[PDB]
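Visitor: Chain residues, written in single-letter form:
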Amino acid sequence: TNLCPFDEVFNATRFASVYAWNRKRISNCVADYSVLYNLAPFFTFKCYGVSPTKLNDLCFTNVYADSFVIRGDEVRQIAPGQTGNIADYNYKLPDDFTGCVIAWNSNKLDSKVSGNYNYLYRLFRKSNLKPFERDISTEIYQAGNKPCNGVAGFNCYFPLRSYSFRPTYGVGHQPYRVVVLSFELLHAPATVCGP
Amino acid sequence: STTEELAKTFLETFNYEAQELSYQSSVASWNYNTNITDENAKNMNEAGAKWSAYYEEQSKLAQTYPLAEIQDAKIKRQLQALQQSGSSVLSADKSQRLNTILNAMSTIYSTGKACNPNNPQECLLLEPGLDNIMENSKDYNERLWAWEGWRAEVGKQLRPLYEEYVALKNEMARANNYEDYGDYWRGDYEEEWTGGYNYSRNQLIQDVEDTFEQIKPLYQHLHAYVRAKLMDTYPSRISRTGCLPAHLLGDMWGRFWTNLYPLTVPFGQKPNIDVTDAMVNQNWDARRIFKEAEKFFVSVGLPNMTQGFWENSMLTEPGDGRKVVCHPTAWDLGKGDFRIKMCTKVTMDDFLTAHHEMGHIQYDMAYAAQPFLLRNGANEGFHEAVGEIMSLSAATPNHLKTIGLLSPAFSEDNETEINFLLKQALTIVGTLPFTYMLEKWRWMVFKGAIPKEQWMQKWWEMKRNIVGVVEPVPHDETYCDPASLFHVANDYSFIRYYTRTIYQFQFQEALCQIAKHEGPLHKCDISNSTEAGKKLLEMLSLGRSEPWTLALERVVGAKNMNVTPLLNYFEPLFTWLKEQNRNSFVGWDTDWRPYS
Ligand SMILES: *[C@@H]1O[C@H](CO)[C@@H](O[C@@H]2O[C@H](CO)[C@@H](O)[C@H](O[C@H]3O[C@H](CO)[C@@H](O)[C@H](O)[C@@H]3O)[C@H]2NC(C)=O)[C@H](O)[C@H]1NC(C)=O
Ligand SMILES: *[C@@H]1O[C@H](CO)[C@@H](O)[C@H](O)[C@H]1NC(C)=O
Ligand SMILES: *[C@@H]1O[C@H](CO)[C@@H](O)[C@H](O)[C@H]1NC(C)=O
Ligand SMILES: *[C@@H]1O[C@H](CO)[C@@H](O)[C@H](O)[C@H]1NC(C)=O
Ligand SMILES: *[C@@H]1O[C@H](CO)[C@@H](O)[C@H](O)[C@H]1NC(C)=O
Ligand SMILES: [Zn+2]
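Quick mapping for you: the protein sequence lines, in order, are chains B and A.
First residue of the first sequence: 333, per the entry's author numbering; consecutive thereafter.
First residue of the second sequence: 19, per the entry's author numbering; consecutive thereafter.
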């Protein structure tokens with residue numbers, strides 16, 4: 333009766349920035365989705381390819397939990413075939429994505445009157461991300477034809493930006509913690525069921 | 019890379035820090051206006067300075083992306099806003115002098131005062147002293163004191179400054195490729211778009227004149243009616259064929275004849291509709307006032323106020339020691355933060371104000387998806403017209419009855435209908451010739467068409483000819499009576515109120531025809547008309563992203579200022595004036611003066 337480490341991911345005190353989104357491999361445990369309680373206001377639970385309605389009786393080889401924080405406007409982008417600064421440059425899900433995307437408003441946790449600059453997102457990237465790619469590069473974005481010399485300048489911008497969360501922000505700019513449960517099926521033992 | 023793609027990315031990095039600093043300012047600016055402390059005053063000016071600093075820097079960086087190579091309007095209109103230099107085109111000599119003059123005129127206006135000839139120790143500041151005199155005194159001489167005293171003890175002090183202000187503003191405009199400072203102000207309405215949605219700066223001149231030439235019939239019969247109902251009081255002081263004395267018009271300048279209503283109400287017996295008593299009798303509070311306004315917009319398909327609106331706004335005077343200048347404000351701070359700063363009292367006028375101010379929020383919320391520099395009214399008059407039609411709909415007996423304020427008693431009569439429209443006309447119709455004439459004067463002043471040794475002489479010639487208003491005291495060139503009005507002294511364009519007034523009735527009429535409204539336009543409540551709300555959102559959500567000529571068309575179906583909706587709003591009063599002026603002189607001889 334080995335309980336899966338979901339309390340680690342959802343209930344963590346600090347979430348990763350979306351650009352440097354954190355993945356937590358989950359294996360050899362009973363997956364208790366049943367207690368993935370409705371955490372916070374504006375709760376969002378979206379599943380693709382498989383049904384969350386108590387279809388725990390399925391087993392999966394490995395189950396990856398990808399967590400990060402984005403603003404409410406960008407939760408729609410954590411879905412197959414979506415475009416935007418997050419889906420293009422920060423976190424991309426495949427077209428054939430089989431999993432679930434969970435999202436709750438975390439304004440009470442991740443905002444600050446002075447602005448929480450801890451959460452970042454990639455604003456610039458010469459290419460969009462292949463599915464589940466992570467880009468933590470901090471190389472200056474060379475918008476221009478002149479080389480940037482690794483320092484911010486004209487036509488040379490830092491690729492990341494801060495969300496600068498303030499509790500007063502509108503719902504569209506408030507922080508939303510997101511956890512993406514990718515379910516993997518290989519010709520493999522399939523060690524994660526959970527009754 | 020291309021000078022457009024480079025522009026986009028630059029605007030991306032600008033739109034990030036701007037939206038950051040603009041928020042920081044708006045909050046720090048909100049925290050002062052709701053806490054008024056010298057400490058929060060520093061933070062407000064500091065965040066305002068970091069914001070101004072960034073904008074000034076980015077303006078310079080932006081000019082390096084030539085607009086001639088931009089095709090995307092979302093980039094062009096964004097770049098155009100940032101690229102405009104302003105006073106930063108003058109030498110630091112001229113700029114430091116221009117600021118010195120501007121801050122001087124603003125200080126001379128506020129700190130200035132006029133003293134009684136009877137009581138030379140009663141040096142009364144305009145706000146609130148001389149304003150109480152102009153707005154309430156029925157005494158000819160007490161009104162004559164303040165009017166002449168203000169235009170002398172303040173208006174003369176501004177005369178040398180305004181002469182310099184016109185010169186230093188011209189040099190700023192000409193160096194920014196504008197004919198004069200007036201053509202610079204008219205550039206707000208300039209749209210260089212395709213599809214016949216273009217608009218020239220000079221087209222505003224013709225348009226404002228041509229539309230005024232149709233307000234003239236309304237104004238004359240309002241004038242002859244005001245002149246007659248005025249002539250009852252001040253009897254020997256107002257000629258039956260002459261112009262109106264300027265000090266007898268309500269406001270210190272005659273901007274709003276709103277306060278002539280006690281002396282001009284058609285059927286004074288029939289009481290005004292005041293649901294203020296009905297609100298107290300139902301234990302209404304400020305939150306209820308705004309919840310009803312929220313329900314109003316929701317009825318017409320607009321979103322409710324955000325949660326951050328209810329838990330951040332100041333809908334009541336805070337109290338304690340927390341001073342807050344009680345004046346309605348609608349805050350688009352940014353990052354989805356929408357707030358209203360209002361010392362709401364449970365009255366009808368604050369109820370109507372709450373809808374008006376919440377209209378601003380609906381406009382601010384609608385275009386929040388627009389790029390930051392485009393998050394604004396389609397032009398300077400759009401944002402105010404959207405607010406005004408919110409009080410127009412909410413003030414009708416229909417809306418008051420459906421919300422339980424005015425009892426289910428189907429009130430109204432052919433007399434109270436005339437009373438309200440007369441009250442409206444004093445405010446809305448009365449200001450238009452005042453606004454056109456004042457701004458026409460500045461345009462000719464800036465154009466150079468009026469020599470300085472004839473400024474006042476040409477001003478009062480225009481006042482008599484166009485506004486039908488004459489000075490009680492002759493004024494030589496030591497006066498600068500226009501400068502005795504706030505916007506003139508404080509360097510604010512004024513054709514906004516003219517244009518906004520025309521717009522709001524174009525707005526209201528278009529929405530009311532959408533609303534299947536049967537009957538007079540002034541009785542129209544757009545409530546529950548989700549078809550009208552959609553055409554509104556189609557324009558509201560545009561912001562400044564598209565020309566006002568086109569944005570106006572997404573509501574009213576015309577590319578320009580049409581005054582006929584305004585006339586149709588007052589046709590009931592127009593016909594009733596033509597009869598109550600049948601035996602009266604409609605017009606004015608410009609040579610009559612109360613000083614012989
Ligand atoms: C209205 O404004 C005043 C001052 O502008 C606010 O007073 C500040 O209140 C906060 C929280 O109550 C205090 O932390 C703050 O004191 C800080 O600053 C001083 C130096 O100024 C510092 O030495 C302290 O250690 C502390 O960090 C108060 N500052 C002042 C100057 O009074 C007040 O909260 C505001 N209230 C509202 C309702 O807006
Ligand atoms: C987080 O903690 C609460 C309180 O104990 C619990 O109900 C919830 O299941 C926890 N979340 C996860 C993912 O375990
Ligand atoms: C620009 O608009 C004006 C009216 O605003 C119109 O008269 C003029 O024809 C337009 N420009 C051109 C080149 O036609
Ligand atoms: C907000 O407006 C919607 C739209 O009609 C309405 O259904 C909803 O009830 C409103 N909000 C609340 C809290 O009632
Ligand atoms: C609008 O709808 C409400 C109920 O939704 C109704 O009571 C009211 O009479 C309608 N009309 C107006 C003008 O409010
Ligand atoms: Zn307003």
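If you are wondering where the hints come from, they were derived from the structure by calculation, not from laboratory data.
Beta carbons are placed, not taken as given, at the ideal position from N, Cα and C, and that holds for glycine.
Don't take each hint at face value.
[Unchecked claim] Coverage of chain B stretches by chain A, computed from C-beta distances (three or more under 8 angstroms per stretch; other residues unrestricted):
no.	region
1	477 to 488
2	503 to 510
[Said to hold, decoys possible] Subject to a maximum C-alpha distance of 20 angstroms in a straight line, what follows is the list of computed EDC-like cross-link-like pairs (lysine to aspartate or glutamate):
no.	chain 1	residue 1	chain 2	residue 2
3	A	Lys470	A	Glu189
4	B	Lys458	A	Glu30
5	B	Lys458	A	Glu22
6	B	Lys440	B	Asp427
7	A	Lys92	A	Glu571
8	B	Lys478	A	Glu74
9	A	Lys419	A	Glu536
10	B	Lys386	B	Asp364
11	A	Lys465	A	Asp206
12	B	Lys444	A	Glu35
13	A	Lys112	A	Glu57
14	B	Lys444	A	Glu329
15	B	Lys478	A	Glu22
16	B	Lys478	A	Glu30
17	A	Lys94	A	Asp111
18	A	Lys68	A	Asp56
19	A	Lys577	A	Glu402
20	A	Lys26	B	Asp420
21	A	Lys234	A	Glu589
22	A	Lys553	A	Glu402
23	A	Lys596	A	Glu231
24	B	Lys458	A	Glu182
25	A	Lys476	A	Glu182
26	A	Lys419	A	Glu495
27	A	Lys174	A	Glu402
28	B	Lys440	A	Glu329
29	A	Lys92	A	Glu35
30	A	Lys156	A	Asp250
31	A	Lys341	A	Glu57
32	A	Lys341	A	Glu589
Visitor: Does each hint hold? Answer for all of them.
Guide: Going down the list of hints, with the structure as the test:
1. 477 to 488: Coverage by chain A holds here, the residue count being 3 at a Cβ distance below 8 angstroms.
2. 503 to 510: holds (count 4)
3. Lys470/A <-> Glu189/A: Within the cut-off at roughly 17 angstroms; holds.
4. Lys458/B <-> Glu30/A: 14 angstroms, holds
5. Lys458/B <-> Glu22/A: Distance ~16 angstroms between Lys458/B and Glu22/A Cα, so the pair holds.
6. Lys440/B <-> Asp427/B: It is violated: about 33 angstroms lies between the C-alpha atoms, which goes past 20 angstroms.
7. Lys92/A <-> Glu571/A: 19 angstroms, holds
8. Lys478/B <-> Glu74/A: Cα-Cα ~25 angstroms, so violated.
9. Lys419/A <-> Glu536/A: The given pair, whose Cα atoms are some 17 angstroms apart, holds under the 20 angstroms limit.
10. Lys386/B <-> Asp364/B: The given pair, whose Cα atoms are some 10 angstroms apart, holds under the 20 angstroms limit.
11. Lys465/A <-> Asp206/A: 17 angstroms, holds
12. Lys444/B <-> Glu35/A: Given that 20 angstroms is the threshold and the Cα spacing comes to 18 angstroms, the pair holds.
13. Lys112/A <-> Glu57/A: 32 angstroms, violated
14. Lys444/B <-> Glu329/A: 16 angstroms, holds
15. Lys478/B <-> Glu22/A: Between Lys478/B and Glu22/A the Cα gap is close to 16 angstroms, so the pair holds against 20 angstroms.
16. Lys478/B <-> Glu30/A: Measuring from Cα to Cα gives roughly 19 angstroms; hence the hint holds.
17. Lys94/A <-> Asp111/A: 32 angstroms, violated
18. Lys68/A <-> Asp56/A: With a Cα-Cα distance of about 18 angstroms, the restraint between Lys68/A and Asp56/A holds, given a limit of 20 angstroms.
19. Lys577/A <-> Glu402/A: 18 angstroms, holds
20. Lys26/A <-> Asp420/B: 17 angstroms, holds
21. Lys234/A <-> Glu589/A: 13 angstroms, holds
22. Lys553/A <-> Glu402/A: 17 angstroms, holds
23. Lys596/A <-> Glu231/A: 17 angstroms, holds
24. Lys458/B <-> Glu182/A: 53 angstroms, violated
25. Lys476/A <-> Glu182/A: 18 angstroms, holds
26. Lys419/A <-> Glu495/A: Given that 20 angstroms is the threshold and the Cα spacing comes to 55 angstroms, the pair is violated.
27. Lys174/A <-> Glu402/A: Measuring from Cα to Cα gives roughly 32 angstroms; hence the hint is violated.
28. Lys440/B <-> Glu329/A: Answer holds: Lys440/B to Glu329/A is near 14 angstroms, not above 20 angstroms.
29. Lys92/A <-> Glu35/A: Holds - the C-alpha atoms of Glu35/A and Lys92/A are around 18 angstroms apart, at most 20 angstroms.
30. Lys156/A <-> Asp250/A: 12 angstroms, holds
31. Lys341/A <-> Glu57/A: Holds, at roughly 13 angstroms.
32. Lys341/A <-> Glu589/A: 45 angstroms, violated
Violation of the numbered hints given earlier is confined to hints 6, 8, 13, 17, 24, 26, 27, 32; the remaining hints are satisfied by the structure.
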